[PDB]
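Engineer: Here is what each chain is made of, one letter per residue.
Number of protein chains: 2
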Amino acid sequence: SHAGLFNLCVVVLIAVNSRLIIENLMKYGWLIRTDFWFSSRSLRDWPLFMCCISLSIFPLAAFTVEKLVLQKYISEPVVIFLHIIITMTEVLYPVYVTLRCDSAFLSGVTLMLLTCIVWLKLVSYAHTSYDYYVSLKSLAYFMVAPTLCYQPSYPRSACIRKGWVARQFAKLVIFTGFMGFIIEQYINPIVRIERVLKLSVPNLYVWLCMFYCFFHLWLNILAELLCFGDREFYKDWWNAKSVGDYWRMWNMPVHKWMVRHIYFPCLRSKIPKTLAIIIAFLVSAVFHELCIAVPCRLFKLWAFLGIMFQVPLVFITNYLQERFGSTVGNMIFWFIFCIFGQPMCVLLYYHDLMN
Amino acid sequence: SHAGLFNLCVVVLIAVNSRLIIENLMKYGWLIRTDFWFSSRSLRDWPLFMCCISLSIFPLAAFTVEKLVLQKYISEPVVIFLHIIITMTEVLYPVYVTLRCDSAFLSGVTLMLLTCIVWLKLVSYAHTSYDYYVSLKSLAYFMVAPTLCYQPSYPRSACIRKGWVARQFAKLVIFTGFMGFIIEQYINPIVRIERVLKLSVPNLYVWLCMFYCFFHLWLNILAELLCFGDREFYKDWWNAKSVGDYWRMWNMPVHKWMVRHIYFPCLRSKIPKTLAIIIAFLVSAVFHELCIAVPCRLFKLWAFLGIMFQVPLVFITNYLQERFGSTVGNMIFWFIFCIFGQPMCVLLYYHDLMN
Ligand SMILES: CCCCCCCC/C=C\CCCCCCCC(=O)OC[C@H](COC(=O)CCCCCCC/C=C/CCCCCCCC)OC(=O)CCCCCCC/C=C\CCCCCCCC
Ligand SMILES: CCCCCCCC/C=C\CCCCCCCC(=O)OC[C@H](COC(=O)CCCCCCC/C=C/CCCCCCCC)OC(=O)CCCCCCC/C=C\CCCCCCCC
Ligand SMILES: CCCCCCCC/C=C\CCCCCCCC(=O)O
Ligand SMILES: CCCCCCCC/C=C\CCCCCCCC(=O)O
Numbered sequence: 131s132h133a134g135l136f137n138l139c140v141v142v143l144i145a146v147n148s149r150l151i152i153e154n155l156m157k158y159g160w161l162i163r164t165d166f167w168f169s170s171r172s173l174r175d176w177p178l179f180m181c182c183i184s185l186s187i188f189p190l191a192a193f194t195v196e197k198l199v200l201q202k203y204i205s206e207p208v209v210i211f212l213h214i215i216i217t218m219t220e221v222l223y224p225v226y227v228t229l230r231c232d233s234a235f236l237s238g239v240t241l242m243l244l245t246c247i248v249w250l251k252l253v254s255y256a257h258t259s260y261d278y279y280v281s282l283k284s285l286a287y288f289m290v291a292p293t294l295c296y297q298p299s300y301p302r303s304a305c306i307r308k309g310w311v312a313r314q315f316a317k318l319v320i321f322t323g324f325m326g327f328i329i330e331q332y333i334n335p336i337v338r352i353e354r355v356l357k358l359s360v361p362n363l364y365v366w367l368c369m370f371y372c373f374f375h376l377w378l379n380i381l382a383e384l385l386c387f388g389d390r391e392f393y394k395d396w397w398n399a400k401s402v403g404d405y406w407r408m409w410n411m412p413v414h415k416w417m418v419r420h421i422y423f424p425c426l427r428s429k430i431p432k433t434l435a436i437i438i439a440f441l442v443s444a445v446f447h448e449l450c451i452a453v454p455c456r457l458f459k460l461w462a463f464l465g466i467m468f469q470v471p472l473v474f475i476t477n478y479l480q481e482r483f484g485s486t487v488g489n490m491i492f493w494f495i496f497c498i499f500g501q502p503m504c505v506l507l508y509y510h511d512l513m514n
Numbered sequence: 131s132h133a134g135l136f137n138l139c140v141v142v143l144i145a146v147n148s149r150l151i152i153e154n155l156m157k158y159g160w161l162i163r164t165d166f167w168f169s170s171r172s173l174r175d176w177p178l179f180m181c182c183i184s185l186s187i188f189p190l191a192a193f194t195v196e197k198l199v200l201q202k203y204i205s206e207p208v209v210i211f212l213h214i215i216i217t218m219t220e221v222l223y224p225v226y227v228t229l230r231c232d233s234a235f236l237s238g239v240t241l242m243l244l245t246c247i248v249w250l251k252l253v254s255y256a257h258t259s260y261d278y279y280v281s282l283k284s285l286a287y288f289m290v291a292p293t294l295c296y297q298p299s300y301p302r303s304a305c306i307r308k309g310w311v312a313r314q315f316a317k318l319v320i321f322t323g324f325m326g327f328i329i330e331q332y333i334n335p336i337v338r352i353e354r355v356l357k358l359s360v361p362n363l364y365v366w367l368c369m370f371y372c373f374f375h376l377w378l379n380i381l382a383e384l385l386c387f388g389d390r391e392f393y394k395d396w397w398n399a400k401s402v403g404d405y406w407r408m409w410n411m412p413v414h415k416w417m418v419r420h421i422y423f424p425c426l427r428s429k430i431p432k433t434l435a436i437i438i439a440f441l442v443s444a445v446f447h448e449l450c451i452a453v454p455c456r457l458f459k460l461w462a463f464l465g466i467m468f469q470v471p472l473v474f475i476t477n478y479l480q481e482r483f484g485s486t487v488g489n490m491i492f493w494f495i496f497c498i499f500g501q502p503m504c505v506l507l508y509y510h511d512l513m514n
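As they're listed, the protein sequences go chains A and B. Just so you know, the first sequence maps onto residues 131 to 261, 278 to 338, 352 to 514 in the authors' numbering. Just so you know, the second sequence maps onto residues 131 to 261, 278 to 338, 352 to 514 in the authors' numbering.
Mixed in with the good hints there might be a few duds.
Examples of chain A residues lying across from chain B (beta carbon under 8 Å, computed) [claimed, not checked]:
{"no.": "1", "residue": "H132"}
{"no.": "2", "residue": "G134"}
{"no.": "3", "residue": "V141"}
{"no.": "4", "residue": "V142"}
{"no.": "5", "residue": "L150"}
{"no.": "6", "residue": "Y300"}
{"no.": "7", "residue": "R302"}
{"no.": "8", "residue": "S303"}
{"no.": "9", "residue": "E353"}
{"no.": "10", "residue": "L363"}
{"no.": "11", "residue": "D395"}
{"no.": "12", "residue": "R482"}
{"no.": "13", "residue": "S485"}
{"no.": "14", "residue": "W493"}
Pairs of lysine-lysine residues, derived as DSS-like cross-links and limited to a Cα-Cα distance of at most 25 Å, are as follows [claimed, not checked]:
{"no.": "15", "chain 1": "A", "residue 1": "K357", "chain 2": "A", "residue 2": "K317"}
{"no.": "16", "chain 1": "B", "residue 1": "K432", "chain 2": "B", "residue 2": "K415"}
{"no.": "17", "chain 1": "A", "residue 1": "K308", "chain 2": "B", "residue 2": "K432"}
{"no.": "18", "chain 1": "A", "residue 1": "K394", "chain 2": "B", "residue 2": "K394"}
{"no.": "19", "chain 1": "A", "residue 1": "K357", "chain 2": "B", "residue 2": "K432"}
{"no.": "20", "chain 1": "A", "residue 1": "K317", "chain 2": "A", "residue 2": "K394"}
No lab work stands behind these hints, which were simulated from the structure alone. C-beta atoms are modelled at their ideal positions from N, C-alpha and C, and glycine is treated no differently.
Let's have the full structure, built from the sequences with the hints guiding it.
Structural biologist: Structural data, given as structure tokens:
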């Protein structure tokens with residue numbers, strides 16, 4: 131029920147290194163100096179964080195495709211064409227903003243992540259129903291809601307616990323600081352066969368702390384502050400028998416965005432392989448490549464090819480899970496997630512950024 | 131439900147070191163050389179493993195205190211005196227065997243562990259009921291049963307699954323070999352403030368692998384071969400809010416041996432502190448000191464004082480868990496279990512053995 135071994139990992143990586151106090155060298159307010167964003171309100175990161183506010187205008191377009199009634203100057207291919215156009219400019223504008231304006235790493239990462247999330251929300255709004279109104283602020287709650295499925299009707303009318311979520315925010319900032327410490331003093335000295356695994360041992364813990372920061376801490380804080388309900392935002396992916404089992408429980412918001420893309424809304428095409436393994440993962444590869452490669456300002460297509468090489472890993476690991484046990488299935492998931500996977504998909508870009 | 135992060139730890143400590151194959155130097159059948167027992171059927175370990183067979187004769191005595199009916203030549207203090215005597219000689223004979231006969235470490239460890247388990251089984255038989279028979283082989287099943295409570299009546303009338311248990315035995319031998327590898331190449335080079356934690360980081364993983372070997376693997380194999388049922392042999396101790404909570408779910412056999420020692424069979428004395436914290440833990444300290452110090456053949460009383468100083472940690476950590484959070488309570492449990500606890504309670508004796 132609780133965390134358990136995560137607190138063990140945190141305290142043992144505190145205990146391994148000699149910085150037992152927050153003052154490492156001198157005058158450090160946190161346990162690490164501010165290395166994630168730093169600077170101030172300057173022109174380096176000014177258009178990147180002002181672009182995310184611009185991502186509010188694309189839901190505001192899409193409601194004005196649907197709040198415009200369908201007998202009022204719009205026809206049946208026109209509304210789909212407007213939906214495709216207002217999603218495509220929504221993707222293409224922050225890419226141009228991040229590539230033109232030279233900036234840091236994390237500001238581009240959060241702008242691009244917000245762009246991908248807003249895109250998935252937009253596509254889930256566009257095709258989810260039958261065809278001045280009474281629901282004009284439903285899209286303004288779905289924008290800052292964790293789910294990627296429209297008309298949730300999940301109970302907002304509840305007592306907001308101002309407590310617990312505050313503790314969760316403290317856990318969030320201290321684990322982001324722990325992420326920064328592991329990055330600064332475990333991976334940065336390495337950059338300037353088994354050496355790849357020696358390089359990739361700390362970034363697996365960095366990804367584990369990333370998942371604890373976003374899906375358990377941040378997504379529950381977001382579901383609590385606007386009192387969504389703190390719902391199931393993932394299942395037990397850490398005991399993934401296969402990597403295809405990993406993809407269906409690491410992200411319960413994205414998986415419900417996939418069900419319209421796989422089941423009865425998309426069951427009119429009747430194809431097993433491309434509809435689940437290729438184009439549903441082409442979506443995730445595009446919105447991985449945009450999230451990792453555009454902030455580094457070099458396009459080597461490594462995150463895209465990493466996810467597209469992780470696509471045959473589904474077919475290999477499901478059969479290897481059927482062949483071997485659920486133990487060796489999870490061990491081969493952890494090894495294939497460590498050395499050729501999502502942590503290494505940011506290790507390559509970090510090495511290309513810091514060299 | 132599954133293991134999850136344990137397979138991650140196994141594969142990441144495989145990936146850290148360069149021995150990616152079982153042939154480390156030359157001719158190694160396992161992934162470590164045979165260092166646990168080794169030798170052969172020689173006179174060094176001959177009386178130690180022949181003493182465990184002798185531990186069968188003390189249940190065979192105790193049934194002959196109870197199959198001898200209380201109207202047949204025995205009175206009410208005499209049966210209790212016979213019970214005390216046949217438990218005390220049961221403890222004191224393998225101590226003399228291990229101390230007189232100079233031998234290895236693990237043979238003494240398994241002899242003393244069997245002595246402690248047989249003692250707890252004997253005490254839980256002497257006082258568990260009201261007062278040639280029809281149940282003459284019940285004590286010969288309780289001897290090789292995981293529980294420490296008498297008259298279980300748990301269903302042996304079931305089909306033994308020959309599968310899974312075999313897989314569990316393969317997991318057991320490979321995790322014992324992985325234990326030997328971590329001991330050989332992570333702790334042995336260290337022996338000849353933060354240096355104590357640098358010494359005690361691999362032994363926490365060694366204890367984690369010991370718990371996975373004994374309580375999840377070996378005890379389920381034992382409960383399968385005799386088709387006991389593979390019952391609850393521990394609960395989630397890894398998310399212990401306190402060490403006082405850790406002691407009640409690390410060992411569900413020992414905890415039910417403690418419930419008769421605390422509740423209604425032993426509630427006639429009505430004392431809160433000594434009946435739960437001192438003399439219910441003096442048992443565990445004595446049968447820790449017999450297990451770790453007698454095989455090392457030096458009596459520095461370190462495991463006994465380690466458990467007895469681990470006793471006030473219950474009183475500190477219950478209030479510190481009421482004060483701080485369940486996250487910080489688990490982190491302080493993991494730190495207080497790492498540096499001054501059961502893994503360090505074998506680290507001191509291993510340092511004194513290998514130097
Ligand atoms: C006049 C005054 C001026 C106006 C003032 C206005 C303020 C301006 C603007 C603010 C933004 C605009 C707000 C508009 C949209 C609101 C959306 C929102 O609030 O959250 C909704 C969303 C969560 O998305 C994120 O948070 C992502 C961002 C988190 C990144 C880190 C960011 C730190 C943040 C701030 C730093 C500030 C600190 C000080 C520095 C300041 C100096 C520089 O939830 C979902 O729906 C998703 C659920 C579905 C999951 C999708 C798939 C899962 C994907 C990934 C898993 C991998 C994640 C790894 C994480 C990568 C990084 C390690
Ligand atoms: C004519 C032919 C000759 C005659 C042939 C006969 C053979 C003679 C004899 C064999 C024994 C006598 C059998 C008689 C009794 C049977 C009892 C039995 O079988 O198990 C019952 C018991 C389990 O106890 C153990 O196994 C403990 C032993 C495991 C130790 C390792 C041992 C490896 C074993 C063998 C090695 C051999 C390999 C080849 C080498 C050979 C060359 C040298 O279960 C419970 O009830 C307990 C549940 C309650 C829990 C109590 C509290 C929890 C405590 C601790 C947690 C910490 C554990 C740390 C682990 C310590 C190590 C790091
Ligand atoms: C090694 C240094 C790490 C620095 C921080 C990490 C930077 C990149 C982090 C995450 C990239 C995106 C991961 C999740 C992608 C899914 C996004 C989506 O599907 O829309
Ligand atoms: C660091 C090297 C490790 C070598 C193997 C470990 C040797 C000792 C292991 C366990 C000792 C006993 C631990 C549990 C004691 C409980 C016994 C009881 O309550 O009867």
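Engineer: Each hint needs a verdict: does it hold in this structure or not?
Structural biologist: Structure-based check of all given hints:
1. Because the closest C-beta pair between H132(A) and chain B is about 4 Å apart, less than 8 Å, the hint holds.
2. Of the supplied interface hints, the one on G134(A) holds, with its beta-carbon coming within about 4 Å of a beta-carbon of chain B, less than 8 Å.
3. With a least beta-carbon distance of about 5 Å to chain B, the hint placing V141(A) at the interface is held under the 8 Å criterion.
4. Annotation: interface hint on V142(A) holds; nearest CB of chain B at approximately 6 Å, less than 8 Å.
5. Contact between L150(A) and chain B, as hinted, is supported at the beta carbon level, the nearest pair being about 6 Å apart and thus within 8 Å.
6. The restraint placing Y300(A) at the interface with chain B is violated, with a minimum CB-CB distance near 27 Å, outside the 8 Å limit.
7. A hinted interface residue such as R302(A) counts as satisfied when its beta carbon comes closer than 8 Å to some beta carbon of chain B; here the least separation is about 27 Å, so the hint is violated.
8. The beta carbon of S303(A) comes no nearer than 29 Å to any beta carbon in chain B, farther than 8 Å, and the hint placing it at the interface is violated.
9. Annotation: interface hint on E353(A) holds; nearest CB of chain B at approximately 5 Å, less than 8 Å.
10. For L363(A), the interface hint holds, the least distance from its beta-carbon to any beta-carbon of chain B being 7 Å, beneath 8 Å.
11. The restraint placing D395(A) at the interface with chain B holds, with a minimum CB-CB distance near 7 Å, inside the 8 Å limit.
12. Checking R482(A) against chain B by beta carbon gives a least distance of about 14 Å; that is not within 8 Å, so the hint is violated.
13. The beta carbon of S485(A) comes within 6 Å of a beta carbon in chain B, closer than 8 Å, and the hint placing it at the interface holds.
14. Given the 8 Å rule on beta carbons, the hint for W493(A) holds: about 5 Å separates it from the nearest Cβ of chain B.
15. Of the pairs offered as hints, the one joining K357(A) and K317(A) is violated, with about 28 Å between alpha carbons and a cut-off of 25 Å exceeded.
16. Pair hint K432(B) plus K415(B) holds up; C-alpha atoms about 18 Å apart against a cutoff of 25 Å.
17. Taking the CA atoms of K308(A) and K432(B), the gap is near 38 Å; set against the 25 Å cutoff, the hint is violated.
18. Restraint check: the Cα-Cα separation between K394(A) and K394(B) comes to about 21 Å, which is no more than 25 Å; the hinted pair holds.
19. The hinted pair formed by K357(A) and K432(B) fails the criterion: a straight-line CA distance of about 50 Å is larger than 25 Å.
20. Proposed proximity of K317(A) and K394(A) is supported: the alpha carbons are some 21 Å apart, at most 25 Å.
Violated hints, listed in ascending order, are 6, 7, 8, 12, 15, 17, 19; each of the other numbered hints is respected by the structure.
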